[PDB]
Amino acid sequence: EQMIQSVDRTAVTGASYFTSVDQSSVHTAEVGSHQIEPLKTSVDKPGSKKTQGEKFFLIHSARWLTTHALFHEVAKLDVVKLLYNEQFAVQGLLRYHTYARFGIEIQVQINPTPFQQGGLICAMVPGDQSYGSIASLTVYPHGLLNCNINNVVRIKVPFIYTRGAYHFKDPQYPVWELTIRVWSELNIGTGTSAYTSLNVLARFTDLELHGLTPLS
Amino acid sequence: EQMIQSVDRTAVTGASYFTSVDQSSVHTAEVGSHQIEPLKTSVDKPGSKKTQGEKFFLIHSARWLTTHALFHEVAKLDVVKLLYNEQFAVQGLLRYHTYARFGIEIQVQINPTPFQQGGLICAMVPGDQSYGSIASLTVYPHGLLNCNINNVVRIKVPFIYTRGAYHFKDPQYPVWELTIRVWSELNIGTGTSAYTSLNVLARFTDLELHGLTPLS
Amino acid sequence: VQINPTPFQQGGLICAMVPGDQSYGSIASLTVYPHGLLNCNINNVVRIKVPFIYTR
Amino acid sequence: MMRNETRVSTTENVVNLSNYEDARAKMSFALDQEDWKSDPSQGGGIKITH
Amino acid sequence: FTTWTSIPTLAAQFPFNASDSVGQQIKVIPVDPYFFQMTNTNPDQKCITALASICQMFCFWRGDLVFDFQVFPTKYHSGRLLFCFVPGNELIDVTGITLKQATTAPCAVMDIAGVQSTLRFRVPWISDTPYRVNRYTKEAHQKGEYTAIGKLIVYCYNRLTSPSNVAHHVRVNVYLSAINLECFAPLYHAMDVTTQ
Amino acid sequence: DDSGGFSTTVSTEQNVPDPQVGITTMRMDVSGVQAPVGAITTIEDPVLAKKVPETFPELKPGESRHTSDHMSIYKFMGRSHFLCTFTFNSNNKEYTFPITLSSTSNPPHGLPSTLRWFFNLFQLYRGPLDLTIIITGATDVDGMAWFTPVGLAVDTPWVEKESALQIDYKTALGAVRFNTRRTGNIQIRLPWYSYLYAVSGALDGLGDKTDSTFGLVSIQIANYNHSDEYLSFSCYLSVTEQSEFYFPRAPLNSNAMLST
Amino acid sequence: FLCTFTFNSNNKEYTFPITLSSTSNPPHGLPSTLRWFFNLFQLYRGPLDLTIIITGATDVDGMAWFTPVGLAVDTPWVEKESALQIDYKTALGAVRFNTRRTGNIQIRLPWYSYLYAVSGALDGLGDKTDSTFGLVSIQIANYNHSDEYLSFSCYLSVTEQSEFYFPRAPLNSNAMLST
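Residue numbers (PDB author numbering), protein chains in the order written: chain B, 5 to 220; chain B', 5 to 220; chain B'', 112 to 167; chain C, 1 to 50; chain C', 51 to 246; chain A, 3 to 29, 40 to 272; chain A', 94 to 272. A prime marks a further copy of an entry chain.
Just chain B, same shape as in the assembly:
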């Protein structure tokens, strides 16, 4: 009397989101094993979500002149919408998913010559540039530029929204709205250059994705 072992047919096999329920299956026949490389051909750490999703991106720039009056708005941009573009590396994850929950890091860079004078303001505003006073923008999380002291500010903010998550392919209303106002006017003399450039850097923090979709 013997006992003949047979093939396995009905089980839950496959990937996580692709459940292959089969009435007929076979044992996996594959040779070898995963060898390590003692003489490595790439000395950098391999790619993942941590090294691709959270990385500073140049999304928009402006330029600050001497002829802009008081309280003029230099740059008015949507932070979330400009990140969603093919030219950045974060497109490869957000294109195939639907909902997301995230935080925003902002970095602003300018370069004054020490012959000039003036200042700016960079405040992250949620939802709307509504009827709130321009003179009280310092209640918002902001940073003050000044041609005497410093040329780089940075802002970190949590997630403030009225729903569960953001929807990329059909947005309700923009979550964050960055704004840059002329806090004091720019004054030069004779022969001093009448402009300085501006830059805005941005990245996500704590990106969480849900519900991958097949549609492009």
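Possibly wrong hints are sitting among the right ones.
What the hints assert, rightly or not - With a cut-off of at most 27 Å between alpha-carbon atoms, the simulated DSSO-like pairs for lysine-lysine come out as follows:
hint: 1; chain 1: B; residue 1: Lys54; chain 2: B'; residue 2: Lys53
hint: 2; chain 1: B'; residue 1: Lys173; chain 2: C'; residue 2: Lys125
hint: 3; chain 1: B'; residue 1: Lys160; chain 2: B'; residue 2: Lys85
As the list claims (entries may be wrong) - Per label pair, the in silico range of CB-to-CB distance:
hint: 4; chain 1: A; residue 1: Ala47; chain 2: B; residue 2: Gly215; range: 35 to 45 Å
hint: 5; chain 1: B'; residue 1: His64; chain 2: B; residue 2: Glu90; range: 18 to 28 Å
hint: 6; chain 1: A; residue 1: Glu70; chain 2: B'; residue 2: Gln91; range: 39 to 49 Å
Said to hold, decoys possible - Which chain C' residues stay away from chain B? Per the calculated CB distances, all over 12 Å, these:
hint: 7; residue: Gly73
hint: 8; residue: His127
hint: 9; residue: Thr145
hint: 10; residue: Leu149
hint: 11; residue: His239
Treat the hints as calculated values from the structure; they're not laboratory data.
Positions of the beta carbon are idealized from the N, C-alpha and C atoms, including for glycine.
Following the hints, position chains B', B'', C, C', A and A' against chain B.
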């Protein structure tokens, strides 16, 4: 005598791959904290590389007839090249990176009526369909279809290549080459349908990325 | 070595002690020798100490 | 089954004269390979080596 | 031989004018230890780096390279540069990359003024083959064998704002050295000035 | 599980490398009284495919008489084989032949009879070799041979012509020196100097001209000639214990096996 | 590689010095690889390792000897008659070889010099004094019968007894010449 604490200026701050070396910085001023949701608005686990990268994809199909002769090649496809396309969700990670090292899972599905007879063969071949004998394809990791026994086979293979990693935007030569041959001819009678469909499923295993590039 | 720039100017120098000869060695690689770099932004005095190198 | 193989290297059959290790002989005219002892009987003990 | 290779020597030279727009590409660098472009007239000679006169005698090379950028400003200029590294080989089409498109690649910024004046930039090893061949002995091209791991781009991230009684350009020297270097398979070959 | 999936049906390990010692030896009936469960089976199950079959009452064969085994690669291919042969015609004519593992390059330019069959049974080759040459013909001829890795400047392959490289570039790579009157044989190693991981046998496209060749041997002669006697060389290869082999492959058909 | 030369008639003595100068352009001096190597540093000290290869005719008797610097010897790089007697040659130590039997000599070279160490790159009168440390000469006999060329070659090396001092800036592209 007092000691006046001041602002921090020179440090390594920012994201991992964006090192913001600044001679002037400020302490981060941001309010609130990360709250959890006791009444959740999404009951699925959030997105990551594990739920987006490794998932079965339908990449190519063919159809098996009665008029195909012996040893005819039904489908001849490149496994790696067909995965690299915008219509899948794995494009969002591979578009912004350069090198990758990976393994391949294959699933083949057919559907015979029990009035027919015949069989197929599905062998994963590395590199080339070179001068090797067709009669000895069973040395390769393969799976045998049969209209009497079973209709689903699956193959798992490790990484076999002559370099460190694969290069998407400029491939050297295709790593894997799937092939499907007519192992025995298809025979019907009168009124039995003279065809059956075929499908090929595929996904990655152990995806590792290196060296993100800015170019599209 | 001592120099004195006004802060309206810009530029730099190099002061390398060379034994024996100013032979066919490249000018672009004088930093292999014991040297010191002057700069009108940073510093105006450099100093070099060397041992005895000779064939007799 | 004897197995002894030696590769013949370069500088074959070359006479060196500079040092003593290559200037010395390989065979002798003398019978029975004999050697001579010391005899300071007529020199008065004066022997020169430097 | 590492007594020569681990010491930085001057390789390249480029100015930073005050009349460039934001996103203008200043200088491209192929990443290899074979790169050098300086020369002199009296006497007639083609200058060499210390790193190029070690690796010109080997068929293969491997390891991380260290670029050192040294600026020479006054105390009163201001502006920011953006160094970017694109992985690849010595021939791709690289000037179509816009300034926003360069942030996908690994990059770093530099502030001109301050008390520091040197940026040490360590390039990682990104390749598909373990060793990268020397090809400059040969004459024809062939797809698959190369001499580089990619190229480097120098952008203008912020403009040069300055007073009137100072100059209008800041010159930058480019050094060159290596770390964790490995070569084998000796030969003889004399290099030639890469004219970029 | 690493991927977090699920599987109940298994496709097991396939084509186990080096399964059995090829000498007929022992480690009483082998088959017998018990009813054969291995007589009937299903070949489409990879689990049930590795069961040892029996149908008839058998027993142990015994032990062979010759000591060493002839079914191991390192003792089979330890015997040398043929690679190529060529002649000279005039003075200072340099010759160059590459070692090419391509299945496309038909002989005489490529691998002949035995070595063409052997190096297409597997995918990847890695490691050094062992080269022996035999001088046949005239005497009083001075020669010099050197080795050049791939991806470097060297003369054209398979073309007997003048020398186009100086004496400094030749001797820097390391060379030998021999006279046809004294020795008549050179038994030389060949190093493994290549930037890529391992060369491969059967490829197409541009992968064949890049990833096949790993070595390149050239021979220059001097003091030839006096009154015309043919100077014929031959070249014989081998394999060494440092070398490795990877990924077994389907063998060649009858039409690929050509000869000289 | 170091050098190569031929003979033409009977009893013609030849002499070549080992010179570490950067001024003496090849063929008279260091060729391609050795010219590049011995100018990467300042001071060299210690013995060498010399191999020569006889190519060409047979049945030729030869003799080679070594002379330190600062002593009387024939003119360098000039194939001419012998000007020294047999007593002065064999006192310095010599070898003996026949071209039919061996065809190779693998010989050491001693370090016999009054000064501390020779140097690579100098000018003025320091180049003609402090560069050369050795001097090798070869005399042939029984040449000839019906004219066959007798070509020699000379190959150098380095030994573990030798030393190196004071790293130096490498040569430019124009100094690296070849044969």
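Each hint tested on the structure:
1. Taking the CA atoms of B:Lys54 and B':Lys53, the gap is about 10 Å. The hint holds against a cut of 27 Å.
2. In summary, the hint linking B':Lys173 to C':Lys125 is not supported, as the alpha carbons are separated by about 45 Å, beyond the 27 Å threshold.
3. Proximity of B':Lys160 to B':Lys85 is assessed by CA-CA distance (about 18 Å); at most 27 Å being required, the pair is judged to hold.
4. Between A:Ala47 and B:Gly215, the C-beta spacing of about 57 Å breaks the proposed range 35 to 45 Å.
5. For B':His64 and B:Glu90, the Cβ-Cβ distance of about 26 Å falls inside the hinted range of 18 to 28 Å, so the restraint holds.
6. In this structure the supplied range 39 to 49 Å is violated for A:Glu70 paired with B':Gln91, their Cβ-Cβ distance being about 59 Å.
7. Chain B draws C':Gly73 into its interface by the beta-carbon criterion, the shortest separation being 8 Å against a cut-off of 12 Å.
8. Consistency note on C':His127: stated as away from chain B, yet its beta-carbon is not over 12 Å from all of that chain's, at 7 Å minimum.
9. The claim that C':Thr145 lies off the interface holds: its Cβ sits roughly 15 Å from the closest Cβ of chain B, which is beyond the 12 Å cut-off.
10. With a least beta-carbon separation of about 6 Å from chain B, C':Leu149 fails to lie farther than 12 Å from that chain, contradicting its non-interface assignment.
11. A cut-off of 12 Å between C-beta atoms confirms that C':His239 is not in contact with chain B; the least separation is 25 Å.
Comparing the model with each earlier hint shows violations of hints 2, 4, 6, 7, 8 and 10; every other hint is respected.
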